[PDB]
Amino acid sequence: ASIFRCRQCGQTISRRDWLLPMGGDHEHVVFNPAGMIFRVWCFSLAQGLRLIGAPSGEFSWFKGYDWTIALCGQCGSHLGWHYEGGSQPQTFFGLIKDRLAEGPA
């Protein structure tokens, strides 16, 4: 239970070692304006994503951060967001827990 992959295709995405307790918890449950609930796990680092467009602060769930949609770079599945423009840390990833599969390195 050491690396996280895209559930839909297997792409390598992150690692348990890279979980980041933001505001004291690595897990944050949030909703967008369309009412969709997301169980977000914060990671300091991720790979294999494709970050879409330019950042936006609108509706940001993390104070001081602007976001970009993060797709699986391989299959296009929406895996979460990349956050930037903030402080301590400047950047991080918020990934949707149930869209990842955990398993051995």
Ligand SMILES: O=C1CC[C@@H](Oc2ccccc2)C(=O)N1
Second form
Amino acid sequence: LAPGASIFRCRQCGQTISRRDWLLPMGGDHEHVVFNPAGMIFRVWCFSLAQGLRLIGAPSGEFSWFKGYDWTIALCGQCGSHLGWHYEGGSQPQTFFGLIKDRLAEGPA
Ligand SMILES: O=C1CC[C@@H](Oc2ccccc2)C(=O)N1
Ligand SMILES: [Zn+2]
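Okay, that one was the form solved without this ligand. Can I see the form deposited with this ligand bound too?
To see the whole picture, the full complex is given below, headed by that same chain.
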């Protein structure tokens, strides 16, 4: 009854992005802490599915945090906030989203 932790929205604008139900335990955990080559740390949650994003450019394998996957930058389709990455080109699953947990807001359906 009345769950308050069902939907993830863009923290900056409220755009609908994903659901707790769609969390994906990649390598046995949904949470992955990673750094980019600029040394920025991200707490990434893996989702099987997401919506309301805009995927920018073509995939790159360069410095992929997930073995066998190529990444594309995922912006909030509404406000342009960088919310994470779409991963593709791999196996089991072929694709998923790695979203930056602190750039989302969790709340009711
Ligand atoms: O899996 C990923 C996705 C983002 C990616 O960041 C950059 C990669 C190359 C150059 C600049 C940033 C990364 O390090 N790993
Ligand atoms: Zn947004």
